[PDB]
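Protein chains: 2
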Amino acid sequence: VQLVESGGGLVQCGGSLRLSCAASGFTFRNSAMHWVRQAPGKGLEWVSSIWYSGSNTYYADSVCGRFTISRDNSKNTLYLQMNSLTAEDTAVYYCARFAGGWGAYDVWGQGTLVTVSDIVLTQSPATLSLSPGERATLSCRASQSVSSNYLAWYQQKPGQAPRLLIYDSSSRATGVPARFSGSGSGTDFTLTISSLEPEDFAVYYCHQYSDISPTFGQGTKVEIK
Amino acid sequence: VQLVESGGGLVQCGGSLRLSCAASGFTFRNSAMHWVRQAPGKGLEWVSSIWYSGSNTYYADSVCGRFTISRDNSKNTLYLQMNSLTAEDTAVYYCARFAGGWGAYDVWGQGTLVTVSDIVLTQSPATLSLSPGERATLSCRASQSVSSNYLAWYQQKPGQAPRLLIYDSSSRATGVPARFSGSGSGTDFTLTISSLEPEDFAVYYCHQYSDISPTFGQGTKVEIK
Numbered sequence: 002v003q004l005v006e007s008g009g010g011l012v013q014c015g016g017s018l019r020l021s022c023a024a025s026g027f028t029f030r031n032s033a034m035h036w037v038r039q040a041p042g043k044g045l046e047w048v049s050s051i052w053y054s055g056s057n058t059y060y061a062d063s064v065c066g067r068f069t070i071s072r073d074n075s076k077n078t079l080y081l082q083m084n085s086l087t088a089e090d091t092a093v094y095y096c097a098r099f100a101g102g103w104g105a106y107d108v109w110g111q112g113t114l115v116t117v118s124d125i126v127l128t129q130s131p132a133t134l135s136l137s138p139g140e141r142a143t144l145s146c147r148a149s150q151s152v153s154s155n156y157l158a159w160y161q162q163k164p165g166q167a168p169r170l171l172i173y174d175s176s177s178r179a180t181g182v183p184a185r186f187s188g189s190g191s192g193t194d195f196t197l198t199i200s201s202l203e204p205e206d207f208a209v210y211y212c213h214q215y216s217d218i219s220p221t222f223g224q225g226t227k228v229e230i231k
Numbered sequence: 002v003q004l005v006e007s008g009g010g011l012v013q014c015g016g017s018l019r020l021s022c023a024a025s026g027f028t029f030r031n032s033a034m035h036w037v038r039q040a041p042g043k044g045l046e047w048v049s050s051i052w053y054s055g056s057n058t059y060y061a062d063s064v065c066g067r068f069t070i071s072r073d074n075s076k077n078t079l080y081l082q083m084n085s086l087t088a089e090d091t092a093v094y095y096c097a098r099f100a101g102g103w104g105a106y107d108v109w110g111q112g113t114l115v116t117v118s124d125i126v127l128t129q130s131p132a133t134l135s136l137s138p139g140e141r142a143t144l145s146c147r148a149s150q151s152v153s154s155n156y157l158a159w160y161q162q163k164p165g166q167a168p169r170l171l172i173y174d175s176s177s178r179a180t181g182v183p184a185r186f187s188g189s190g191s192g193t194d195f196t197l198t199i200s201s202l203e204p205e206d207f208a209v210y211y212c213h214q215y216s217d218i219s220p221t222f223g224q225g226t227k228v229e230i231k
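Same order as they appear, the protein sequences are chains G and A.
Just so we're aligned: the first sequence equals residues 2 to 118, 124 to 231 in the authors' numbering.
Just so we're aligned: the second sequence equals residues 2 to 118, 124 to 231 in the authors' numbering.
Chain G extracted, bound-state conformation:
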């Protein structure tokens, strides 16, 4: 009882591929077949399952519609139809089966690798618990230096749209009170609120617009305590 994976290799951002699992040593037609993948450096992640007869298919949320799982009973082979491939889909792809109706995967193929061809903004603290009158201070650390302070900060309240507060690190947009000020150079930038008002509690994103592909931080939530 073995499983061998074929197809796969290197593909572009958006290409297409078909994976095959050649199944021997057992009665392919009645068992259930599955695909499990593992990105490099990461953990096992389940891809898809064909459950006995065709047309009874299930996919992970991430690979729905892009991936199609098929079985040819006569050839004892299992198929995976990968379309719209993204860099996040790169991984080693295994096929896996359990004997019987349901259970744990006890047979794993050798796996076949699929490979598909930016600055990072880190914001700290994740949460800021403050009170009015207090001095909020917010940090943004770029994984690389960012030229001539092409950096901005946005305030955003639940349901409302992002609102521009600071552009080019230290200059204030229209309608933003004096309390707001930005500073910092190179890789590290700081957003300072001299005194918090009731209206000031919101999420705050730093934004870099240096290359053609801008980036955002994950946000720092300034909330009451």
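With a straight-line Cα cutoff of 25 Å, these simulated BS3-like cross-link-like pairs (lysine-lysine) come out:
(1) A/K43 <-> G/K43
(2) G/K43 <-> A/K163
(3) A/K227 <-> G/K43
(4) A/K163 <-> A/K227
Bear in mind the hints are in silico, worked out from the structure with no lab data behind them.
Chain G is fixed; fit chain A onto it per the hints.
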């Protein structure tokens, strides 16, 4: 100066949508548009760009090929062509503007919501630094109660396939030495290695197979000290 987004709503797993941004208060010709999306509960993420006239377009890595960005000056609207939609694409999509040649987004639409059609296994510790002969203990925390007979442990060595060790919390696969043992119920499960041998240093994953969508733990790495 205003921006109104339309289209969007509910789509199936693999469907498509076209987003419209109705632009007033400015001369559409003179400046360039961007789409920024924000999944619910997460931060801003930049999608795509038209830079003045058509054929000058740029996309994010995750949206390669699947999205086409379009604007027609004459009707004062901006278009976003979403295909092959995944659960990862559901979000509020904004259109955004900066005056002049380039800068930070100071004009933001209201956004329009797109929604596209789960036990979490947390493993501790991430790394276990031990020496042969010592006892190892590994934990697996399910985000919700999980029945016995639906939880498994896998051993995996670099360049090899996952190896099934425990099924049904306490039952050992064939050929698994006695030192290995599992335990735990409900939300908490434990893998114990009585005495560590050379062959035992590897990564170890917990696995739950209760629904049609199995899940894996992020892994616990057991390395020599």
